[PDB]
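First, one chain by itself: the form solved without its partner chain, in structure tokens.
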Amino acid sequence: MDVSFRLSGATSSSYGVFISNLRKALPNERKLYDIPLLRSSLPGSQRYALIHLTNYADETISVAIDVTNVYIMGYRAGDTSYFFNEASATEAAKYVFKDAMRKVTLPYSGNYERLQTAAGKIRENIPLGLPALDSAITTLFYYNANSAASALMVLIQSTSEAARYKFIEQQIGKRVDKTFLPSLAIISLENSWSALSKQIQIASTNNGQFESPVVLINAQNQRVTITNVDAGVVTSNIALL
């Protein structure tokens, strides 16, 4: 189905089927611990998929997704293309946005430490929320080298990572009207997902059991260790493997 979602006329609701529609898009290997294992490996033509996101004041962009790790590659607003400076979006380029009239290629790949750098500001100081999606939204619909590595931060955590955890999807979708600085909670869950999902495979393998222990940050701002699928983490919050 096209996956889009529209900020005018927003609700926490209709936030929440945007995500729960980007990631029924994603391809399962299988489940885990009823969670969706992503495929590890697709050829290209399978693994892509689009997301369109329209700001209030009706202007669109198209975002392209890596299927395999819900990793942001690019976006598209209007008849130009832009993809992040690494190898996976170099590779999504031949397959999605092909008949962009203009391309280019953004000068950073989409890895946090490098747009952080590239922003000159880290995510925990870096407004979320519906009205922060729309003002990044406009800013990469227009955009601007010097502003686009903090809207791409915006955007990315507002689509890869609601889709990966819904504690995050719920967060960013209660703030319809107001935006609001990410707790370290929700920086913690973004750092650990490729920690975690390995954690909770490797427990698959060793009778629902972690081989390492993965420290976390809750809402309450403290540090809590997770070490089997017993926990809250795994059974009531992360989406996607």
Contents of the next structure:
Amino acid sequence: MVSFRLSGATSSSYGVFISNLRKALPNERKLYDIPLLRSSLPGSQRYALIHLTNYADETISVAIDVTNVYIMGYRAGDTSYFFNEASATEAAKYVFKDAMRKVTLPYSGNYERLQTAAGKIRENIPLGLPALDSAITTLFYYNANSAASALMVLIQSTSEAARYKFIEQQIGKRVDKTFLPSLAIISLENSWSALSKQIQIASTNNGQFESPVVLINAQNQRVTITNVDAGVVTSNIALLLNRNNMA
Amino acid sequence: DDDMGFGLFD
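The form solved in complex with its partner chain is what I want next, because the block you gave corresponds to the form solved without its partner chain; please supply it.
Okay, now the whole complex, with that chain kicking things off.
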């Protein structure tokens, strides 16, 4: 249901986009006012489509698992493109079924594999609304040599933005330029599963983490999160990966 | 709001 047009995109229209994406995700409940996602849903209920439209009015449809906001694959015209991983093979039973051509991407949805495939670490891939527009275009035509980079842009501008207010704001503020994401942004992406897990545990442990989560802040300092008074809990994280989303 | 992310981490 959720759509975003890059043409005329503002910091505001991008925020409306990311609040709608968040809103389209079922939750178990909230913890500390942070929505806690469902661990599991039936296949028929597990996937949603996000539509993104570049300056040229070319549209890609992106399939995400609503239990974890992982991107499973995308569709551009008659062609579907799914990550080479079991989660996406499963999604491909439910989504993009009338795609005439079905491609399996030569990588899993995992930043290490995507970075290897792009020959590029995230810290050197620009982000911003114009970056998102080139990603869409790159993916609409499936440059197999530029696609992995453009999947990292796409991932961070949807999935990651959805998960962290800091990521959202930082991307959406680049309306007519691009930026290189800080180690802070990267840290938050890397640490989502563990932070989420720790906040869950804290909920039956008086707000204490059982295990420190080490983040990098915007001054590049290593900082240790051990409780629910951390700024990352009260003023950043916007979605909790359920601890039971995997065995 | 900045790029300094003050209070959004620890």
